[PDB]
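Go ahead and model the full structure; you've got the sequences and the hints to work with.
Okay, here's what each chain looks like letter by letter:
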Amino acid sequence: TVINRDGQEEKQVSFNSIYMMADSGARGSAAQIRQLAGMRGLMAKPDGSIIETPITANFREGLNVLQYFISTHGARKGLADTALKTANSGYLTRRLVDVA
Amino acid sequence: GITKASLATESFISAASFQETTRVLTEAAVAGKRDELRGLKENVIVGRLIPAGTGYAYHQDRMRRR
Amino acid sequence: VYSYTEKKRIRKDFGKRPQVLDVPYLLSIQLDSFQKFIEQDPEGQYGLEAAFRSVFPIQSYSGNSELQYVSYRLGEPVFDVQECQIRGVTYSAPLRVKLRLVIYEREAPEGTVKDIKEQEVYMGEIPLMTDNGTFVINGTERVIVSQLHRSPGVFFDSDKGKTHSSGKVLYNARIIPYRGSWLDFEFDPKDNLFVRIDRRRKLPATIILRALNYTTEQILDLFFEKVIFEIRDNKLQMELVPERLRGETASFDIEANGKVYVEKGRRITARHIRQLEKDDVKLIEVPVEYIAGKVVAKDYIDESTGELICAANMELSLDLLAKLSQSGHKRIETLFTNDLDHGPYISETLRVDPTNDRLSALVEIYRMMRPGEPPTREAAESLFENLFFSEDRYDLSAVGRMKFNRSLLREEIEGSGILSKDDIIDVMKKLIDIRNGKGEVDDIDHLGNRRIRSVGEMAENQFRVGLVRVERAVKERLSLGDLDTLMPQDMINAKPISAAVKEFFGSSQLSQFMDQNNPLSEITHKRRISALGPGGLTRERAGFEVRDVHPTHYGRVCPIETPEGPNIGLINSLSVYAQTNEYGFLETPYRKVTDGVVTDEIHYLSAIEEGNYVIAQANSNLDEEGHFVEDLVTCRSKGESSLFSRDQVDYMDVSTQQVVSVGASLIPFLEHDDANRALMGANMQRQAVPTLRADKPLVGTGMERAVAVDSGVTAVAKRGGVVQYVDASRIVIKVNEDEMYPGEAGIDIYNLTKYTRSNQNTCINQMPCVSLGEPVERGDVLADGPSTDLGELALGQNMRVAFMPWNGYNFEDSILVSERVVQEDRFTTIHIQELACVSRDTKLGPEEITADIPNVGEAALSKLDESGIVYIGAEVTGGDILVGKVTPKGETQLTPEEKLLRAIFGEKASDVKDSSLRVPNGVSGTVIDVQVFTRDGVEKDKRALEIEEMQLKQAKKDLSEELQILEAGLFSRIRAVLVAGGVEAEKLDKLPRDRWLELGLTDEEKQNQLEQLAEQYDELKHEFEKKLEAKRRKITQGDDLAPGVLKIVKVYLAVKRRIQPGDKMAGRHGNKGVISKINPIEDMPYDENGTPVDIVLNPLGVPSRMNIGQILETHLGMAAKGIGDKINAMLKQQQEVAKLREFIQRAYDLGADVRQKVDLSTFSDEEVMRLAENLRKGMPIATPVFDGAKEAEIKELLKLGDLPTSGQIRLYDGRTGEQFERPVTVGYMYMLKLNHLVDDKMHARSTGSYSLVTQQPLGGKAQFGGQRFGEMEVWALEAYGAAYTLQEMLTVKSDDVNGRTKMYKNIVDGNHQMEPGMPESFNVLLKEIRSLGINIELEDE
Amino acid sequence: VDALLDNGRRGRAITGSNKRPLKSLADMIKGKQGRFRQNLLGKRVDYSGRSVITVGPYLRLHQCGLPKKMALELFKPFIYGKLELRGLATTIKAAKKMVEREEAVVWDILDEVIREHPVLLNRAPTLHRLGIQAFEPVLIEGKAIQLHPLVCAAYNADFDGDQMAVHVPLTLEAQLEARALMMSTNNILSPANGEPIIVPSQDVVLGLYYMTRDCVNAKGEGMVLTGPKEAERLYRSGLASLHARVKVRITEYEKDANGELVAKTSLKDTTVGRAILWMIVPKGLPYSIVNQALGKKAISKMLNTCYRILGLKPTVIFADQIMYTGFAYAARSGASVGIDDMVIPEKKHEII
RNA sequence: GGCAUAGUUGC
DNA sequence: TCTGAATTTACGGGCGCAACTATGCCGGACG
DNA sequence: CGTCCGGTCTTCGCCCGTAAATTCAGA
Ligand SMILES: [Mg+2]
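Residue numbers (the deposited numbering), protein chains in the order written: chain E, 705 to 804; chain F, 1308 to 1373; chain U, 2 to 1342; chain X, 303 to 654.
Some hints here could point you the wrong way.
With a straight-line Cα cutoff of 30 Å, these simulated BS3-like cross-link-like pairs (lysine-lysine) come out [said to hold, decoys possible]:
hint, chain 1, residue 1, chain 2, residue 2
1, E, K715, X, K649
2, U, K755, U, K1032
3, X, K334, U, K1328
4, U, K1328, X, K321
5, X, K650, U, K1191
6, X, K399, U, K1262
7, U, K593, E, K749
8, X, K334, U, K1242
Hints were generated in silico from the structure; no laboratory data involved.
Below, the structure is given as structure tokens:
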């Protein structure tokens, strides 16, 4: 956003809803805002090998089929990691509480 | 370690409530251990005032009286 | 063209790619699997025929007699599907099979037997699968979920570094059979190969080899190359193949024919190999050190002593060389053991083990299998024969044999079920080669190694398991029976087969209670691919490998639709287009591309086959003829997306939506949503509740109609015709003349299922959607079930949504609802609840259902009738009495004048003890049905007689109207036939309609047809009479209730829960929320026109969880409702049809290159008015999954209406009347009501019933229990200074009987003080430790 | 005998029915299902309930909205006691029947008893001590608990269908413990770190960020204002936009003295929104903490400084007021999101 | 009113 | 031919909390 | 319907710790 009606132009911090809602720190961060407009970055196969051709389209433009397939690799791995890491976290906190 | 530190406690009740109940109970029975129930889990199991917060005065009275 | 069902509401489509393969029958897997389980198979490969031919014929241990198989038949189901659901018995058909028994007499290997005897024996009941793919087992609709287990065959694993922690990647070969004992070949850190059976104790591999009757020299020859050492003159001249000299360092100076090819010390190079190859060197002198390390191939004997000199598989030395020099052994055989290409694994295996003879191996393996028993040769031999060489105890499937041969690069794909020596030899050779380095192990999670067990295969397996037991019984009895005395009835016992099949269909990890609250829920539960169940994984064992999505899941298994929780990835859902191969592997369609022309033929490719090809993505732009416009098209050759040339393409994805589930394909703008939120959206789309009225989602995907019609919720028209009589509970179709079968006339009747209970307390209601005199076509929809609209699946409603924070009432994800949504009752949902009271034949006399109850006046008895049962239609409320039963099983007999003292007091306390069937507290509704079941000889009460008479009259009625419809059609057809060849019309009415058997017609086949229809009339009348009598007998007869129950009374409530703060609601893009306030309509934000919004969501829920698909859906729905509003305005003031059709065509033609192209010139200006009438509430939009509407087209559709192009309007506040700056997003998102209602979650407890073992409160809400103060909650209190609160929590309020009693009484007295006491749970622990030899006691203070 | 004791040590667990190992005494006093981790360290408790939670942003930080039906079910003994104390029912049976029938007089009794009787709200996975906190009940018509928005960060509890349990302390010691240790007012700072754990989360922070910001030019830019009060008067009347650079006269009290607040009047150059917010801040804080954009971290630092300088009651009142104003002005802002807000970088064509 | 299984919800 | 050490192998224990719905079950084989 | 005694087929995870058996490295 650049606003001026009293003479020369002057830049200012934008009012854009996504940027306001991210800079304010309410919800979202650099990663998510980047994924909305910019290319959504590098995603890795479950082996850990990073795919040569990453998703070159954001969420505003549509993700073609294979880009979505890579994205679901990532998301499924994340959900499984959550579901099978909560167990280790619970065990660790139980052990710590029963020590001290 | 935390596991071994909690398993090897002066009072068998805490370790028994922790993992390895069979081994801890076997150790206590063989050695004829005795419990002073001076912890938190132990009083919780017994079901009396905790020696942590508002019950600390009550346990101070306990230590005074005997 | 359109089939007159889509001509009522032409759903606008934005797709670009033209559909090639239409969506197949979505329930194809279940239907086909069971169809190949009950249909007779002449070849004997499928179904019960396979099992019977596998087990039968059966002989005795001696050639006495044999029982053999003829053919099997499925009888008429005793009870119909609706009757089975109502009564509660399994929907099954008796299994009747013909068996012929023959007896072999003395010297009768082929001679004629003494007699032949046959009967149609009965073996149990086989549950049947209804037209919807579901089973009915005990009155509940259960569906068998297909299983995805490891295919039988041979698999090679790595276990890279987790074992031995030294970087030694092992290699173990597993031979998984379809049924039998596993055989695992394994390596060790010492490079010695070991075999383990059934994953029992490990043992050296050569034990099995020797048990196969192989001598050590034979094994060495089989598994190694031979090097010939010749004692020609001296120095032990050697035979050398130059090809084997590459990869090592020459330990000597190589020379032959006077040429020093390589000097001493320098390794063997490539050029040295070339020199040796070109000079054709075959014999070379060698030093005496070269033999020092080699191994003798085969055992050798001496001519002096006549005994052994060097055992097979032992390292030769100078001593052995000297000993054999005088033995005359000029020619010597040695095995070639290269260090890094051909390791000496088998030699070390032979050296390590102690066993040497076959019997030694047999006894060792017998000891391993059977520890403790004194071994014997006979038992060991029988055991090893039965382990891997018996057709009964071990059986590689046909698919197993195919995979086993394929993994070993064999040629034939058929063979014997049992293993063979060659098979084990080849498996071990392949394992050795993999260990060397040539070849690669096979990944476990490849979709080419996981079959799809459907219900048919599992049912066949369980049936075979039952046949094993019945065959054992028959064989045991077949030796000890008087043959010529009985038919083959006592021969076969039906108990085992029936028990096994009932156990499988009733209680199994794959026989699941059906998630029945949406058509989508049913259709996605039937297409479920579960990795759990027998023969498969367990959710707490596998992980991090089977959970994740593999590159081969493309096109076969949905990646994004999988439940989140303990089992994520193990409960995958089948893709839309995926089929099942003959062997059971998942295959998906592809479009053949021979040359640059994209042919229109579809090839299905299994996972393994897809690998050796290259397939183009669906989104490949084409021209009219079909040619990839871009010279380099993206494809996927070997699990790797890459940009290949226009030429190399061999296949193209059939459609852009073949990678998703049938449930995840309904999420519009799916490509714009992050995978996590798409998964959540599908999961909660499965859980919507059918509202009172469906509302045709404005922004769909075009897959709604397929899902709705395929799932058995709508009443699709079996034959096209013209509707004749359609009321709220019946549809009658007059079959067209063309489609009418020759003979029976024969006009279809559809009985709609009115309000009935579902498996999740939801109402399954079918209502007609066609008017009288409206034609219909085959496959057309006549009635739409729950959450359906005109054949389109509409789970929830859509309403005007506005994304903006509103006073914090939508803080985290909460949703603010306008009171208009409640007023219109568009989220009101009908829940049908079933309550049953039983009269058990308990001691102290039976129980009675009389209306006379004590301790309650006539006020509580007002709703009950004279028979102690509530009226149908009573507006019952919580705490009332439904079926007042009082038990003669009451209380004690007179004790010390108990009754005398009661009479003295003034009150009559009798054996009449009040039980009651009271509605659960806080539940209101209406009684819609009462059904009473009574065993024979119990004298059903007056209400039972009345309901029985009503049901009998209703059955006689329904049959009478069925006959009347059939005869109306029959007489109409006869009249139509009469119009040619002497038509009588003036006097035809004079004679009665029935008296058409005296008609005067000429000599042609038309009078033959009239006589055929007379025969049809006779058949209809007689069968009507017989069926009426049979139905009356069925109604009047008793019921096979549970043992000891007199009568059961089931009362069906119908509660209506509209909406309230707490009811969870979510869109389709994984945006959840619980209603926070039923805001007044005047307080809501409203636009300039003055239309208040309905829902106010939270904008902050968009960025963090990147489900931008909901924003685009909001814009598209806003545009669709703009078009609908334009149509509604053009229709509110009457306008010429010309302008209306012009506008509708302009709307339907809007797009970039849409492939719908509906022409309105062929609607006759009459259907157009109906189209406008149905479109006035917003034009439906179809948006395929990954070929959806781009944002530019959304802008165009906005601009067609008067709406703003940016998608954001200016909203004025409802309360303060002032404008909101920063104009907001407003539109019509399609939102659902999830089946998580607050009143189903709210729960509280002061004090109620307690448990028994530990005197603690009960757990749960179905029983009036209390919350669990878990361990971390106690830690939370301990971290606090909360001591007294904790003691009160886990001492007084939980299980201190004296403590809780005194606390209750003190609180009643108004004093808040407690007696701590001691918990009784600790007393339980003390007693349980004392039960052992552990003496635990509390010492004196 | 071995099977009767720890079963499964030798051979196989002998099974009795349907091929599942039988529980033995050792298996009955060991493990997750034993009497230790199932009925000793954690026990089912009466006077408890459960339901879905809801926002209810009108509540103060020290109270929670309890459904009326749950309130009636939980406090049944207390209602009996009050009914007998007032003599409206001689026998417990009569009081029980009166409570069941839900007369018009029982509700007044429930209101009388709920006055100063804190209840504990405890979400399912109580990871840390803040997972359980006490609030004073407020009778709410409905079936869902209305929980104060600020403590959601403490519970890690969004409003997408989360359920929380209620617990009713009975004894005087338990009530005093809840009031003096477990009220949300006393739990401002997390035990792990000194940072506050009631920082405004999602809508309050957006509202404050929108309020305290400056654009180059807005309605009534540059005018001089005599104080925050007329700044609010201007904004409500619509004369000057919420974000307009102006000059305001500020009275900021600093306590540099020996525990005395020393006034100071100056002319600060800020925006209308900043002044309107400054009308909420207590006396003892400097104005410089409201002259910035007030992101989430800035608001958290504001609250932390308020706690450090003033005390506890000022910080609790400040949290309530900051939540209220943030919600109000976020609503007034109408900060929405649209597909045209995710602007593509038109110059990414050359980059790609 | 206790066990087993299946499914589901929040983390 | 013995004998202590370090290593390897075998085998015992752990794998979070809270809540809701449904079904099936005490066992199938002799008087 | 009423009483009354009990055993073929199944493995199939990962990590850690501690105790038992095997093997060095000598004397
Ligand atoms: Mg939540």
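Hint check results:
Distance hint between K715 (chain E) and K649 (chain X) is fulfilled; the C-alpha atoms sit about 19 Å from each other, no more than 30 Å. Of the supplied pair hints, the one linking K755 (chain U) and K1032 (chain U) holds, its CA atoms being roughly 21 Å apart against a limit of 30 Å. The straight-line distance between the Cα atoms of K334 (chain X) and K1328 (chain U) is roughly 19 Å, inside the 30 Å bound, and the hint therefore holds. With a C-alpha separation of about 28 Å, the suggested pair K1328 (chain U) and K321 (chain X) falls inside the 30 Å cut-off, and the hint holds.
The straight-line distance between the Cα atoms of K650 (chain X) and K1191 (chain U) is roughly 19 Å, inside the 30 Å bound, and the hint therefore holds. With a C-alpha separation of about 22 Å, the suggested pair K399 (chain X) and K1262 (chain U) falls inside the 30 Å cut-off, and the hint holds. Simply put, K593 (chain U) and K749 (chain E) have alpha-carbon atoms about 29 Å apart, close enough for the 30 Å limit, and the pair holds. Of the pairs offered as hints, the one joining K334 (chain X) and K1242 (chain U) holds, with about 26 Å between alpha carbons and a cut-off of 30 Å not exceeded.
Of the numbered hints stated above, none is contradicted by the structure.
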